[PDB]
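One chain follows as structure tokens, the form solved without the named molecule.
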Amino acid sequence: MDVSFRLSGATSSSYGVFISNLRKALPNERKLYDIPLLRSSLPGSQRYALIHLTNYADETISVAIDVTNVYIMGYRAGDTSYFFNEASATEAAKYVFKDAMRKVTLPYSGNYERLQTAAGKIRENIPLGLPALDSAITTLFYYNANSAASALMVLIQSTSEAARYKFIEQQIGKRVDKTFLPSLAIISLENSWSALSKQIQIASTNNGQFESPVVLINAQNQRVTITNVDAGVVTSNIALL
């Protein structure tokens, strides 16, 4: 289906549906503990998915996602494509937005270390929420090299990260007419996603137990360590492995 999200008329529920639809567009190798396990490898023609986002002023950006790991590869605004300077994104450009009249290769890869350096700010200090996403879209639709990095981080957390965790989806979706600075808990989840997924996978081969504890930060700003699949983050939060 055409997976889109319109900020004009948005509600917490319409954002939840958009994120649910985005997760459903991702092929699954199978499920582990009721959580979809992403395909570890796919041929280019089956590897990328698109989602479309419209800001309050009815301006739209289309976003390319690598279905193997939910990473954002690039976006399109009108007749121009923009891809991250990284191997996976170069491949993505061979399969999506192929008919863009103009193409540009962003100055950096899609990793937070590179984007934070390019933006001069860390995720902790960049407001999220639906109004934040509207502004990021406007900022990306009228591309400017000096402002794209920060907006891309808002876009990425609003899509990929929300898709990976129900807590993140919920937290962003609840801010309909206000923004908010993400908590260390949100940052901890994003940072620990590959480590956590890997431990859940390993847990399935170890009678439900992690081989390496995963230390996280909860909503109360407290450190808490996860060691098995009975943990709330595994049973009621992570949505993709």
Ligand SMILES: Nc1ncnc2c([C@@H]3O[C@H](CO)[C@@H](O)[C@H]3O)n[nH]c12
Second form
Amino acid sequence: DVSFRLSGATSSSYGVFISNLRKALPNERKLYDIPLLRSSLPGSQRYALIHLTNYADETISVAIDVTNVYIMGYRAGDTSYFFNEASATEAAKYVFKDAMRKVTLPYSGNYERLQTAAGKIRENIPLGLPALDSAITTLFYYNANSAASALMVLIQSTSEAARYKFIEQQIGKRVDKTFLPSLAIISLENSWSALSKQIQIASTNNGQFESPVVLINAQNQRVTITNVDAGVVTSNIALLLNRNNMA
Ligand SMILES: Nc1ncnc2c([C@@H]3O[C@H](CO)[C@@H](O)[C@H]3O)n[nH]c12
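Switching forms now, from the form solved without the named molecule to the form deposited with the named molecule bound, please provide the structure.
Every chain and every other molecule in the complex is listed next, the one we just looked at coming first.
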């Protein structure tokens, strides 16, 4: 398992947390020095627990699928909560088995559903370590109507930070304040699957993408990425989704 404690947290200890999270994920290949995640794992190998404790020392345990870094669900005390999606109901066979209450949330973990549920777009939801503390409290004392927003903070602070060094750094920086994510952060989140696919193709195609990926940069300009010498590939993306999880 991996653990993060918010009381006494710093930029450093968040980075340590995100390094350990990445290290928890199995990979057989690296392409261009980036971990390629596995295609398929048996159930007893597929999930990892991360334990998160907020400033008030309230803890939740979050189950992630190690093949795609998706959050399956979380446990707060004696109740477990799973997303309403097939991989999450598969996971519920293996994780949090001793939990007395299990609730299935009214939505999957995909952003279009979550934003609809939250009634807020990603750009308008604060991130930063204090936002993560607040998300843990909101899920700990589960309130259906705050949950969606909190799960979006949770996913971006764990999954998305693990996938990209830029997102890890932007979040870790904000120790005692919060910030609204730019479109650069959102475009990376949107494009993880496509980038992963093209980087796998590139390795068979002399480092050239078969199809460009349009990202938005730190200056908000739409940029078209076509090969593995682009900075997003060289210096940012930290994990690759296996083409077999692209369909
Ligand atoms: N259970 C889950 N956990 C995390 N992310 C997602 C998603 C979303 O699918 C995309 C994968 O990069 C991105 O929009 C991500 O948050 N669907 N299901 C998920």
